[PDB]
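Colleague: So you can see what is in the structure, the chains are spelled out below.
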Amino acid sequence: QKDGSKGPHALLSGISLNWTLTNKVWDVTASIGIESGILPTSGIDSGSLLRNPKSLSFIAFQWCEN
Amino acid sequence: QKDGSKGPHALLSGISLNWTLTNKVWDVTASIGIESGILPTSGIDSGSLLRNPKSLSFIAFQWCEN
Amino acid sequence: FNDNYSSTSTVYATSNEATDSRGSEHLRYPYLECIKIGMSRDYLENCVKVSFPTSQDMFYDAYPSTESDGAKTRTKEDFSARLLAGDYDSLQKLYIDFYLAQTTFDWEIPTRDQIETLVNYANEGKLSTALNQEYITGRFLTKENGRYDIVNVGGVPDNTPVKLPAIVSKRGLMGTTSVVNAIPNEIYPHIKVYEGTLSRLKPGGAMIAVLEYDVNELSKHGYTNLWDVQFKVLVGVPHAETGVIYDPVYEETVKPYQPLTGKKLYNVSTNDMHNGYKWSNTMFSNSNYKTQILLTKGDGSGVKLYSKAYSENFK
Amino acid sequence: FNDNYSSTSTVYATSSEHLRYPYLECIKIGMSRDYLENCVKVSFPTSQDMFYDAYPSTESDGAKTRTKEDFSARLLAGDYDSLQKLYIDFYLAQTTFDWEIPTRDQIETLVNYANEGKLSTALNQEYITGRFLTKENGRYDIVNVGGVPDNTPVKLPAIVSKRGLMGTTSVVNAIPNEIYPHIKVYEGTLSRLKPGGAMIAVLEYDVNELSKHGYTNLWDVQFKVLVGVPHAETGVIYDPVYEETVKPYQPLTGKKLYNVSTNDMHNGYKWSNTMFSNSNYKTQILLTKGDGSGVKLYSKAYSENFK
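Here the protein sequences line up with chains B, A, E and D, keeping their order. Note that the entry's author numbering has the first sequence beginning at 358, numbered continuously upward. Note that the entry's author numbering has the second sequence beginning at 358, numbered continuously upward. Take the third sequence: its letters are residues 1 to 259, 263 to 318, numbered as in the entry's author numbering. Take the fourth sequence: its letters are residues 1 to 15, 24 to 259, 263 to 318, numbered as in the entry's author numbering.
For the record, the hints were derived by calculation from the structure and aren't laboratory data. Quick reminder that beta carbons are idealized off the backbone N, C-alpha and C, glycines included. Be aware that one or more of the hints could be misleading.
Anything over 10 angstroms on all C-beta distances counts as not near chain D; from chain B, calculated [what the hints assert, rightly or not]:
1) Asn380
2) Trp383
3) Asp402
4) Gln419
5) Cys421
The calculated DSS-like cross-link candidates involving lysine-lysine, where the alpha carbons are at most 27 angstroms apart (straight line), are [stated by the list, open to error]:
6) E/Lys93 - B/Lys359
7) B/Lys359 - D/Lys163
8) B/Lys363 - D/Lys126
Given only the sequences and the hints, what does the whole structure look like? Please build it.
Modeller: As structure tokens, this is what we get:
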């Protein structure tokens, strides 16, 4: 919440998973989009975004192709 | 809805997929978190949770590794 | 997700309700309405201290009409349904937190101390008519520090449906601290005094005991940190209905120093030694006096857990 | 997603007469129900359109043009008089009548409420830092919160209830503009500030700078002497360990002079027994109108021998 305390689970609007390959390392970023006016003005979780959240489990698949 | 009727689709906040192996059987549990104040006070769909809901299709992957 | 999961919503939240009201906006508000449902002009100061009867359609004039664009389904029927269903939280979030009418903002569920005043005001005809009748007897919803309780006026049967005839001003409606009309629900934990050449409650010195509480029933009443505690001892005639010594002739706060099995134990040692003996000089100055032990959180908060009002030697 | 991502919410956006007024609006722009008592103590944010619902519309018959744009224009232009008479004196909304520009003591309170989240959202953010217009006895001043640059534009985020909003008298958050007049102490075998007896001095003020601060009748005066640790930012001893009021007797050229004689032996010497009981204590002199009114005019908090 805006006062820094832990509030209820806000409602959700979107999830973005982004990945880019650079020299033998896959770089994965995430952002969970939630209702605004709940998160503080600045920080990791700010405005309408939870940036690279721990509240997310994803399965990473790898394979090779030509 | 709390009055027993079927209303519109409430808004969503989270989905949890949890799995546990016990004696050659994977026990799969799920929970869909929705906006509260719509579900009844008790039951399968109650409070803010749809417990192991039918309104969910998931793909189950299995493999073995060392 | 576990059962503690809770979310925001569109039905008991903001952004839905708009600047509108299904009631009539006029310049004699709200005092004309207060008199019209029977509040005497001699006691019109309570017009802003207690709401319109939740049993009547006028109470719900404050909200946008249920048919206008964007309104929540709010009616006296939906109120009573949630009331008898025990959904007190939805009442607080959907109705109470958004009443905001009668020019008063601090609308809340009445406390136990406030129902006590409401019964006195109802008997003395100082309220609206429907509430002058309602608060004579029945089972009433109360709320103290975020905790719901049901209080009983007149000793009515336990299966009487819960009544919330009106909400009150948190600070505007003055409560009565004496327990006469509204009888509450005090909690008595199952505890063992070890006695022997240990626990002692006899005249002539300091009172010491060593109790023992169960963990599973401490966690049911919000006590999982079994060192976030503090103790109070009371001396006087306990209440004839609930057994608590609400206004003791002698009150004393002490702190414990105990550390066993599937239960945990706590001591207690009165400071009657090396100061005025007067605990025993007042506890045993009247044969009807009794000694009672109370457990709170470290700062006096939490569900109040009470021992029996003991006679001499824990009898 | 980039940081431009934004969603709908359960909170009013920013894009009428009823029975839940004005408390409904206060929660809608973020006032917590735990602190709704301030709903009638502080107005809607002057930066937002809702504040201006109170006035007749600018298109209606015979109405004054009252908008947040015309408000901001006059604010930055320094036309503080036009705000009081056209907007402040005609607000009269939220069931409150004594709307005024906040005092320094009230801005002091507003910052504490903003930091502790007791206000609306636009104002919980607004009153953290900045330069704010204040008003004490018909006089405008600018106070600084956070030591911001002096070229920061003047902010009037909200007007407050004259009596309903309680000010905080300690000066911590809102740093003011205290006036120190150019004054000469004549010293020699005359002025004296040394332990063991009475403190006496004889100052001298300039007439042209007295008339700039509302002092044209140069006998409508009175003096106060303070003993204690002066404020680290403005230099005033706000809560002195010893306070003493004295009256002057002086009668010169293109400037005027005033004496000062503490009564230390026509009472207890204790001025010297407390001024010189702690090495950090200093003695400061304050000039007022005869009744304690007027622009407060301050001397330096002097050390021993006016050092």
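Colleague: Could you run down the list of hints and mark each one as holding or not?
Modeller: Verification of the supplied hints:
1. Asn380: Holds, since 25 angstroms exceeds 10 angstroms.
2. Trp383: About 19 angstroms separates B/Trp383 from the closest Cβ of chain D, which puts it past 10 angstroms; holds.
3. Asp402: holds, 12 angstroms
4. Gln419: holds, 24 angstroms
5. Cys421: holds, 29 angstroms
6. E/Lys93 - B/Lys359: Measuring from Cα to Cα gives roughly 20 angstroms; hence the hint holds.
7. B/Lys359 - D/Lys163: Answer holds: B/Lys359 to D/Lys163 is near 23 angstroms, not above 27 angstroms.
8. B/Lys363 - D/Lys126: Roughly 18 angstroms between the alpha carbons, so the hint for B/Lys363 and D/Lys126 holds.
The structure agrees with every numbered hint stated previously.
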